[PDB]
Every structure is written in C-alpha cells, then in structure tokens.
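Q: Here is what each chain is made of, one letter per residue.
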Amino acid sequence: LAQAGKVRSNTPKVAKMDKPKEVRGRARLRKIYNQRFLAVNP
Amino acid sequence: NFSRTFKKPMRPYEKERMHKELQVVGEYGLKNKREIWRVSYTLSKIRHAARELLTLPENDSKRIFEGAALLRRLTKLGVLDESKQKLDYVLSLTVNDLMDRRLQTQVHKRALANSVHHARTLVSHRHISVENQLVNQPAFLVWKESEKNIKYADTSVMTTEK
Amino acid sequence: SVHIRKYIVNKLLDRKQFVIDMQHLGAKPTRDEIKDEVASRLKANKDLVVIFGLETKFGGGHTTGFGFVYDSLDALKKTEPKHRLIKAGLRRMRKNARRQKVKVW
Amino acid sequence: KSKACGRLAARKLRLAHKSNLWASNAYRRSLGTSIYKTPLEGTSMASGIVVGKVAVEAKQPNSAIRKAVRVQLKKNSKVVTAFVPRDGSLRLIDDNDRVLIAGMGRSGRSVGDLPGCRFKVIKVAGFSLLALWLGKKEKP
RNA sequence: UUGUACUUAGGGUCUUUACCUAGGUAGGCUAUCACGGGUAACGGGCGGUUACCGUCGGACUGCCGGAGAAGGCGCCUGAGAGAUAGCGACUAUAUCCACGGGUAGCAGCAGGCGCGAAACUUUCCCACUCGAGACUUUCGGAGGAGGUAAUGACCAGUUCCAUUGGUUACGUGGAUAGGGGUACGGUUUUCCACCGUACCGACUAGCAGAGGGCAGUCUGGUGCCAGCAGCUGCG
RNA sequence: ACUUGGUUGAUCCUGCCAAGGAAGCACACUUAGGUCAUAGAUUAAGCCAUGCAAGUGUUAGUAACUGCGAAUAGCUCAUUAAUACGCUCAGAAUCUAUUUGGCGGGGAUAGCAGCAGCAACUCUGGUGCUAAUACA
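If you read the protein sequences in the order shown, they are chains e, J, Y and X.
Under the entry's author numbering, think of the first position of the first sequence as 8, with each following residue one higher.
Under the entry's author numbering, think of the first position of the second sequence as 5, with each following residue one higher.
Residue numbers 5 to 32, 34 to 95, 103 to 117, in the entry's author numbering, belong to the letters of the third sequence in order.
Under the entry's author numbering, think of the first position of the fourth sequence as 3, with each following residue one higher.
Some hints here could point you the wrong way.
[Unchecked claim] Straight-line Cα separation of at most 20 Å, SDA-like style, residue types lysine to any residue; simulated pairs:
#1 J:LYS35 with e:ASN41
#2 J:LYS37 with e:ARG31
#3 X:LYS55 with e:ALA9
#4 e:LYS38 with J:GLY30
#5 J:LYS90 with J:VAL28
#6 J:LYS152 with J:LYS166
#7 J:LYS155 with Y:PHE63
#8 Y:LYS62 with J:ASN136
#9 J:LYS35 with J:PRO16
#10 e:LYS38 with J:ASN136
#11 J:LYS35 with e:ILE39
#12 X:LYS141 with X:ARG93
#13 J:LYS19 with e:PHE44
#14 e:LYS20 with X:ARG88
#15 Y:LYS62 with J:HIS129
#16 e:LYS38 with J:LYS12
#17 Y:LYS32 with J:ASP104
#18 J:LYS37 with e:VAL30
#19 e:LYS20 with X:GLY90
#20 J:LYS12 with J:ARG42
#21 J:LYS19 with e:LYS28
#22 X:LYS138 with e:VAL21
#23 e:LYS13 with X:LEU134
#24 J:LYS37 with e:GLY32
#25 J:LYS35 with e:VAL21
[Claimed, not checked] Partial pick of chain J residues on the chain e-facing surface, computed with a CB cut under 10 Å:
#26 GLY30
#27 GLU31
#28 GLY33
#29 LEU34
#30 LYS35
#31 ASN118
#32 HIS121
[To be verified] Residues from chain X that keep clear of chain e, each with C-beta distances beyond 12 Å, as calculated:
#33 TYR29
#34 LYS122
#35 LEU132
If you are wondering where the hints come from, they were derived from the structure by calculation, not from laboratory data.
The beta-carbon is built from N, C-alpha and C at its ideal position, and this holds for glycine as well.
Kindly generate the complete structure, drawing on both the sequences and the hints.
A: Take a look at the structure:
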C-alpha cells in the first residue's frame with residue numbers, strides 16, 4: 008500500500024513518432040484488398 | 005414506424021467468413037462490411053418468403069397470386085432470366101448476383117466511370133443521372149429496363165466548368 | 005415548357021383548378038414569369054391566377070406546384086386565406109390584456 | 003412414458019410444470035426478491051461519499067494487495083468495499099469525495115483473485131477514471 | 001361463508017337484484033384448488049427474442065377501455081359529475097396578517113426545489129388537423145414549428161484517375177467535391193434548416209485489442225511488487 | 001436449425017461456470033452532413049414561486065343578462081388478482097341534452113347612476129330605474 012502506481016511513474020516516458028495521416032474510409036479497405044488478395048495470395 | 009435493415013453476424017472472429025467478405029467488398033468497391041450484411045438481409049426476405057410459398061400446395065390461392073407477383077418483381081430487378089423464371093430458382097441467388105444490380109456496378113459495366121471506385125465518385129459528386137433525374141445515391145438498384153438509361157448528369161462532364 | 009395536369013372546373017367557388025408540371029433544363034421559372042406563361046394559355050390576366058406551393062426535385066432541372074384560376078376578382082377577396090393576400094399584395105396581447113376583463117369587473 | 007400423455011391431461015402437465023420451475027435457480031432468484039436486501043438494491047450504478055482507503059489482498063496463488071476504497075452510499079446509508087482499477091488511481095481519488103460505483107460485471111458473485119468486494123469505481127467527482135488515468139481531464 | 005344462499009311481501013332505483021327492511025326455510029362455495037397471503041400487477045391492441053413449439057416485457061406504446069386529482073368523505077347545478085383550473089368540512093404540508101382573520105391545490109404547458117445511476121425551452125404560432133360557440137370573423141400550452149440531447153431508425157463523406165524510382169504501397173503529374181462562406185429564387189403564419197442558381201476553395205477517425213477461447217514468442221522499463229484478468233491464467 | 005476455454009499424468013462422460021448473438025435503461029471515450037421519431041415512467045401519485053392553459057357576437061335573442069359549453073381533450077398508473085379489461089350475447093327490466101323524421105297544440109331584476117365599509121379577494125351591502133326566444 009505504501010507503494011502504488013510505482014511502475015507507471017518510473018517508466019522512461021517516450022516521445023511518440025508523428026506520422027503521415029491514413030487515407031480513411033474506402034481507401035483503407037481498398038489498400039487492404041490489393042495488399043492482401045491481389046498479391047501474393049493462395 | 006421503423007425497421008432494422010442490416011443484421012450483425014453470429015460469430016465475430018471466424019477466418020473463412022472474414023476472408024470471404026473482403027473479396028466481395030474488393031470486387032464491388034464497397035465502404036464497410038455492413039453494406040454486405042444489408043444485402044444478405046435483403047436476400048433473406050426474398051428466400052424466407054419463397055420457401056413458405058414452396059411448402060404450400062401446387063394449386064392453392066396464395067401460391068398463384070404471390071408466386072406470379074414475386075417473379076414479376078425479380079424480372080424487373082434483372083436477376084431471373086426467362087429461362088429460370090420458375091420459383092425454385094428464387095431459393096438460389098447469391099449476394100454476388102444482387103450486388104451486381106446496384107448503380108455503382110452498373111456504371112462500371114457501362115464503363116463511364118472507368119473503375120468500380122470511380123463509379124462511386126461520379127455518383128457521390130452529382131455527375132450521373134437516370135432518365136433526366138440526378139442520383140446522388142450510390143446504391144440505387146437498376147431495373148434492366150432502365151439500365152440502358154445511365155448517363156452523365158451535366159456538371160463537370162457536360163458543363164466543363166473547372 | 006408549361007404542362008397543365010389533373011385539371012377540374014370547380015364551379016362552387018367558380019375556379020378552374022389544377023397542378024402545374026414545368027420541366028427546366030440547365031437549372032435556371035420565376036413565379037411572375039409563370040403567371041405570364043399560364044395566363045396566355047388560359048386567357049386569364051395575371052391578377053386572376055393564384056399559384057402556390059411549388060417544389061423543385063432533388064438536383065435535376067424540374068419544378069411542380071399547385072395553382073388555380075377564377076373568373077373576376079370576386080373569389081380571392083372572400084374564399085382565400087389571409088396569408089396568401091399579404092404575401093401576394095393585398103400577439104398574445106389578448107391572452108394577457110384580455111383576461112384582465114375577468115380580473116377587473 | 004415418464005409423464006401423462008393423454009388427451010384430457012393438460013391440468014397435470016401445466017401444474018407439474020409450475021412445481022419444476024422452483025428447482026431452477028434463475029426462476030427462484032428472480033421470484034424470491036430476495037434481491038432487495040442488497041447493497042446495490044438491484045441498481046447497476048450507485049454513488050456516495052468515500053469513508054477512507056483500504057488494502058485488501060488476493061487469495062491464492064496470486065500474491066498482490068489490491069487497494070479497494072470503503073464507500074458509504076447515498077440512498078441506503080450503508081457502507082461497502084469497492085475496487086479501484088488501473089495503477090496510480092488510488093492517488094487520483096482523494097479523501098471524502100463523491101464517487102460513482104458500479105458492478106464487477108460478473109452479474110453478482112466475486113470475480114477475479116479478489117474476494118469479498120463485488121464493486122468497482124467508475125467515476126470520481128463527475129469525470130471518470132479512464133479520463134483521469136489517461137490525463138485528458140483534470141481535478142482541482 | 002351470517003345478508004352469507006334460496007323463497008314470499010315491501011321500500012328504494014332509470015330500471016332488475018340483499019341494493020335495503022321484514023316474515024319463512026338452512027342453505028351456498030371447495031382437491032376441476034375454495035378461502036387466505038404476496039406482487040419491485042392498471043387491463044388490452046401489441047413490443048423484444050426466435051427455425052418450429054415457446055418465452056420475457058407491456059408506465060408510455062403516437063390507439064382502445066378503466067381509475068385518480070395532497071388524503072379520505074359529502075353535495076349542488078345539469079341530458080350527463082359523487083366534477084376537482086365547481087362547492088363544503090376535517091386532516092397533513094405551505095403561506096399571508098394591520099394578530100381581527102383568511103388564502104392555495106402543476107399526476108395541464110413551460111420553469112425551479114428535492115429525489116437519484118437516470119430524462120430538454122420559463123421561446124414563436126392559430127396557418128395545418130380539428131373542437132367549443134350566438135359561430136366562414138372569437139378562443140384553444142389540444143395542436144403546429146423552431147431550440148437543446150451519441151437516446152433510437154434509415155441514408156451517407158473523409159477523395160479520385162495517370163506513371164518516376166525503392167519491394168504491386170511506400171519529390172512528382174493533374175482532376176473532382178461538400179464541410180464552409182455570400183447573394184438571390186423557392187419554402188413556411190415567422191425564423192432555422194432544407195431543395196434549387198451563380199460566385200469565392202488547391203480542414204475530415206476513432207474506439208477496442210494482439211497467451212487460448214478469439215492479430216507479435218518484437219526491442220525497452222518492472223521483478224508473486226505495482227498491476228492486468230468475465231473464465232482458464234499471467235508477474 | 002453453428003459451436004469453444006475450464007475437474008485428469010492422459011481418456012471418455014455427467015455437469016455447470018465462462019466466452020458468444022440480440023434490446024433498454026445508465027456510465028464512458030470519440031464525432032463532417034441530411035431526413036425522421038422520441039425524451040422526470042422506474043425514486044417522491046413528494047413539494048411548488050411566476051406567466052399562461054375554456055370560453056362563447058351573429059345583417060337574425062336583449063359592458064351585462066340570456067342560451068349552450070366547461071362531465072370532452074390533456075396528464076399520470078398510486079389503488080385494482082377480476083366487480084376492472086377482452087370477446088360473445090341481452091334489454092321482453094331501462095334512461096338519453098343536441099341533430100334528424102314523424103306526429104302534435106302584466107311585475108321584477110342585471111349591467112348603468114349614486115352613498116359607504118376591509119390589513120386583503122375575480123367578496124359586496126343598500127337604494128334609483130328599464131330589458132326578453134329569461135320568469136309567470
């Protein structure tokens with residue numbers, strides 16, 4: 008009880024890598040379809 | 005009042021069902037996985053109606069009126085040919101047949117859009133019409149009669165404005 | 005382009021009444038313009054025509070609406086509602109101030 | 003066989019069915035009511051004032067102290083232990099605040115390692131722990 | 001079960017009857033569940049779940065019928081009331097008083113206090129639907145319209161089409177929108193928002209997880225501690 | 001018209017516990033746009049400031065009187081376990097404004113005019129007249 012939330016404070020807190028934003032909606036699913044089913048595929 | 009047009013699937017994380025449903029979405033150029041599940045639910049009300057008709061006698065007053073009326077409505081939609089117009093062939097039909105009758109895909113067959121995705125863009129941006137009437141909606145369902153009448157609405161395609 | 009459609013001669017308010025079905029391409034008809042076109046067609050004058058409640062469709066060059074035409078000025082003085090007369094060209105005070113006539117004798 | 007099948011024998015079947023429902027524990031629990039004498043009072047979520055902070059520990063084999071607050075309820079004026087999820091979080095709660103409590107999610111019974119308590123704290127001070135733990139909302 | 005059950009006579013009622021008062025019999029209901037107790041019980045059309053059979057819910061249910069106006073109780077007027085935005089008294093809350101005395105019933109529409117996990121505007125309107133009346137005119141918080149809310153249902157966007165180099169998705173090449181803005185024409189009783197028409201144009205994704213039930217044996221920190229975890233389990 | 005994890009060294013069982021699908025209240029995180037519907041029932045049928053909700057004038061009864069309305073509509077589910085509700089019948093045991101069709105056959109007050117009384121109210125006293133499809 009003396010020690011609580013110790014692990015969370017004592018982590019070496021990390022800067023997030025900022026990224027190009029994803030194409031939403033149909034493009035996400037189209038980008039999956041041709042990545043997955045076009046090639047190389049069973 | 006109201007109704008539930010699509011239904012959710014029974015089991016979420018089946019491999020075969022998810023792997024099936026991507027290459028219906030990919031071929032017909034589609035937004036979500038729910039825009040399948042409505043067309044599954046549309047196929048249900050066709051077939052549940054059909055099967056009940058099948059159970060009845062071959063002469064009953066209900067079958068004669070309904071059976072002729074049911075096949076009339078599907079010959080409009082252009083699923084049943086006149087070869088297959090005989091009531092048992094209603095219990096066939098797939099989502100791949102019923103997806104093909106939509107406006108998105110009928111533009112593509114027409115080739116005006118040039119792509120399944122392109123067809124969606126043409127309809128969503130007010131370019132396409134059906135007998136002098138604009139259709140914003142990318143799931144119209146065209147009745148074969150009117151399939152011939154698919155054409156450019158006016159704007160960029162005809163007007164030529166930037 | 006002015007189609008007159010579903011047309012009946014109501015003699016009780018002596019008026020010939022219908023719905024108009026005009027189709028326009030390119031998307032640009035003014036109500037005043039409409040009176041011009043209809044009045045030539047039914048030898049009417051512009052004042053004797055009432056046209057009301059006309060509705061463009063989704064997207065396309067189209068518009069349809071109600072309207073009716075009557076002999077003389079004698080109809081619209083008496084048969085018409087008041088909200089079309091002020092529009093064309095012809103407040104709770106009672107609830108408050110009014111019920112003081114019960115409160116005071 | 004093993005029951006009355008005859009044409010006129012529908013009183014025997016209907017009345018024997020009513021008896022056999024009282025063996026079923028779900029019909030028994032609903033009907034007895036039997037639920038009112040409960041801290042929750044049959045309500046999914048309840049709120050009230052924190053008394054203090056308590057360390058209750060897990061059974062076996064799991065050696066860990068869990069940190070569940072004692073909370074007085076508003077409507078009954080009873081007291082009951084209640085688990086506080088996420089690391090930190092006991093530090094975020096503060097003494098003598100109002101909190102919203104809800105169930106362990108097990109539809110009654112006692113859940114994980116943790117015996118006794120059947121309750122978790124959803125909000126404090128009208129904010130929610132997830133927001134607090136994540137730190138996209140604040141407390142004074 | 002004691003007007004409790006039949007009978008004969010009366011009173012009373014709009015009429016029939018223990019509805020009530022008389023005389024005469026001693027009957028009625030019950031294991032095909034009487035009587036008593038409980039209900040987190042208004043009944044019904046129906047709603048949710050389903051392969052069939054069923055099963056749970058039904059304040060509301062966009063309707064139907066019943067009951068109630070803070071709690072009983074009584075009564076006038078009328079075709080119709082045991083009316084409650086009618087009257088009468090008592091009781092319980094509340095409030096005024098010049099200390100004599102009184103005043104009021106939001107389970108109508110808004111709004112507040114309290115209650116709690118839990119539920120909106122003190123707006124505009126008689127034009128639509130209809131209703132009352134001496135009535136084509138008056139009036140209607142019935143009704144209609146806006147305004148706030150991820151509560152619920154359907155619809156739907158976050159781009160597209162070309163081809164240069166790295167293994168067909170990871171500086172170019174151009175296109176096409178609506179979100180939005182500004183007019184005017186429709187629209188409605190009036191706004192809003194919609195549906196058009198023309199001119200401005202090179203900010204739009206999270207939430208939940210990655211042992212198994214049901215996508216990493218990555219790198220870093222932690223060391224039955226913090227913590228996760230519906231269940232089995234992990235440290 | 002569907003299964004899978006969990007008692008064992010392993011097995012096949014009985015067996016539940018979980019997972020899994022739907023809705024309906026509530027909490028949460030996140031959010032271009034459109035149409036449409038609903039929203040203090042669950043607990044306190046607990047309590048209420050203020051504003052407004054039932055009034056009614058025609059060419060044809062004479063601010064009032066007179067006539068009709070206010071017993072409907074709206075709200076809520078606390079009573080009620082069948083007397084209510086539903087669904088079949090029944091009135092030869094009944095009542096019914098309004099509509100509709102038959103059959104019929106002079107005097108006394110209200111506003112108006114005036115004198116007063118209360119801390120107060122949409123309470124009134126008293127005198128001086130006059131109305132009728134009101135009253136006799």
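Q: Could you check the structure against the hints above and give me the numbers of any it violates, in ascending order?
A: 5, 6, 10, 16, 17, 21, 25, 31
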